[PDB]
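Undergrad: Chain residues, written in single-letter form:
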Amino acid sequence: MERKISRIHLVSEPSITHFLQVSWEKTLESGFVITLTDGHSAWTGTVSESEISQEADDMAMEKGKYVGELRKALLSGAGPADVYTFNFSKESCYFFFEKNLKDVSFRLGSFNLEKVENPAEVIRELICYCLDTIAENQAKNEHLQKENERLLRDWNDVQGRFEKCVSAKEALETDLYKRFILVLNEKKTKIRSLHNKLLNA
Amino acid sequence: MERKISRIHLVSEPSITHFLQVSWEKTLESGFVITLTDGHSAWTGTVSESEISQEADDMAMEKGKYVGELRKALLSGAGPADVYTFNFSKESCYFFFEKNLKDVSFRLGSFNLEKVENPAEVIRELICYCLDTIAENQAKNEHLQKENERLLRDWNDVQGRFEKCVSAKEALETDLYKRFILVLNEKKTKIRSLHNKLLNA
Amino acid sequence: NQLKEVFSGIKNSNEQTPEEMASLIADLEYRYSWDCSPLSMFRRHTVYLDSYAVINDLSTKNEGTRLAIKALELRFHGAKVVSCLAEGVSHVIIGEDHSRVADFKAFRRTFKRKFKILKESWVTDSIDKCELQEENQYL
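Chains as they are written, first to last, in the authors' numbering: chain E, 1 to 201; chain D, 1 to 201; chain F, 772 to 910.
Chain E extracted, bound-state conformation:
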């Protein structure tokens, strides 16, 4: 269950934006449900596997390529250089989108949406979904920031301890060598004393 909300500029009245929400189960291939709104009235429609397959066949296009293009156009997947133009005839309740291509336009999709009697319910549901997702994102960001701060503190502590250890390595080596020479000189004195005693004897 996934849903995406996007903003669009209808060519009929390119002064006020509209919002289209498209929701699908696993992928747009099986189907999806689309809902267009402008803040006052809303329209809804659904596309099934049969409808998308028929549209792709009419297009003589590969199913994967058509699905990718639909995802780019509807999910606000704007590429580096590509413009999509949408328009919704309210009188005929017919919403269709085309791929403007520098004076050659290739119509991409077209559906007939039904004017839902109650727009308040859909607007409220959209607002609730937006609030839920923003709250979830805020919680995730807070948790990630806390984890990052803790990890940074731990890394600083470990780096300090590593610096201390590397510094103390040379001190340990020199202390060990000094102790070695001390005890060796003691043994040399012992052997010298034994040799002197033997010579005297």
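None of these hints come from the bench; they were simulated from the model.
No residue lacks a Cβ here, since even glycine has one placed at the ideal position from N, Cα and C.
Among these hints, one or two may not hold up.
[Unchecked claim] According to the in silico footprint, chain F covers these stretches of chain D (three or more CB under 8 Å from chain F):
no.: 1; segment: 166–174
no.: 2; segment: 179–185
[Claimed, not checked] Not close to chain F: a few residues of chain E, all C-beta gaps over 12 Å, as computed:
no.: 3; residue: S12
no.: 4; residue: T17
no.: 5; residue: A56
no.: 6; residue: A60
no.: 7; residue: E91
no.: 8; residue: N118
no.: 9; residue: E121
no.: 10; residue: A139
no.: 11; residue: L144
no.: 12; residue: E149
no.: 13; residue: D157
no.: 14; residue: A168
no.: 15; residue: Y177
no.: 16; residue: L184
no.: 17; residue: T189
[Stated by the list, open to error] Simulated restraints, written as ranges between beta carbons of each label pair:
no.: 18; chain 1: F; residue 1: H869; chain 2: D; residue 2: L152; range: 19 to 29 Å
no.: 19; chain 1: F; residue 1: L795; chain 2: D; residue 2: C165; range: 17 to 27 Å
no.: 20; chain 1: D; residue 1: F96; chain 2: E; residue 2: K63; range: 54 to 64 Å
no.: 21; chain 1: D; residue 1: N148; chain 2: F; residue 2: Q787; range: 25 to 35 Å
no.: 22; chain 1: E; residue 1: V116; chain 2: D; residue 2: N118; range: 15 to 25 Å
Since the structure of chain E is already known, use the hints to place chains D and F on it.
TA: Just chains D and F, lined up with the frame of chain E:
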């Protein structure tokens, strides 16, 4: 400029939920602007510094407590044990909120709002702000995830470095001690031989 | 320079085992009273860490916390880190998680020799002082 959206369920219409946005420049002490809506109509009001000061004087209660209560209620800061009840009358265009505790409710505040000419613009700006904030949150989450991955890599590298350092220290210490005890054993054998031959002469 | 030249003469010596080396090191330190060195005082004491969710399990490591770095530092300073809860253990380090304190106390009581319960902060304080701090205040 900071604005916060919240959901309130009026006792008059528990089934329906209303969305209220409160916008303040730097602090609520200087007042703010509150816009309430339900998806089909909207109302607006201002609580500019003069209004809040007059309300505080009327209640004869500390300003700090009032601003804290406003933060708790309007900004959805209510605690688990704290419950706030709001009631809005469109006929009288009034909206009053209170806190319920120990089965008794104490009035917290009341405001008057004027219905906007058209709610479509309000809904559109609400949706646009929500979408922009969602995009910002997604970008921040992606950046934080990348930084966390970098932190994990650095931690792993530091752990490997520390393991290498401790292994090298242990190897050096054991090798030096083995050589030294070998030398000591040879010298002890020599001194033992010297002592043994001392007795006969 | 002469000692370095002599040591360079010896090629290698790998005819012993780590336990033999530990015993020999302890013997030399006791004989020459070399316990005053900045390191190696922890050699005489075995250290165990509560880095396993289930005690005496080698398939439930909790790596990725301060415990691993603390154990590595203890080993560097000369502590003998032991991964098995043998009766010969003398020191045990428990982090902020005190759920299994009862289990550790029961194991200590069962064992003939008792190992004092110690906290991770004890070694952190001791390292700066480079001396074995009293365990009474860190029990």
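Undergrad: With reference to the structure, classify each hint as holding or not holding.
TA: Results for each hint:
1. 166–174: holds (count 4)
2. 179–185: Answer holds; 4 residues pass the 8 Å Cβ test.
3. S12: 58 Å, holds
4. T17: For E:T17, whose nearest Cβ neighbour in chain F is about 48 Å away, the distance exceeds 12 Å, so it holds.
5. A56: E:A56 clear of chain F: closest Cβ-Cβ about 49 Å, beyond 12 Å.
6. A60: 55 Å, holds
7. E91: 64 Å, holds
8. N118: 53 Å, holds
9. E121: Holds, because the least Cβ-Cβ distance between E:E121 and chain F comes to about 48 Å, which exceeds 12 Å.
10. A139: The claim holds: E:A139 sits with its nearest Cβ about 23 Å from chain F, beyond 12 Å.
11. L144: Holds: least Cβ distance 17 Å, greater than 12 Å.
12. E149: 15 Å, holds
13. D157: 8 Å, violated
14. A168: 7 Å, violated
15. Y177: 7 Å, violated
16. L184: Violated, since 7 Å does not exceed 12 Å.
17. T189: 15 Å, holds
18. F:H869 to D:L152: 19 to 29 Å: With Cβ atoms ~28 Å apart, the hint holds.
19. F:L795 to D:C165: 17 to 27 Å: 24 Å, holds
20. D:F96 to E:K63: 54 to 64 Å: 58 Å Cβ-Cβ, so the 54 to 64 Å window holds.
21. D:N148 to F:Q787: 25 to 35 Å: 46 Å, violated
22. E:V116 to D:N118: 15 to 25 Å: 20 Å, holds
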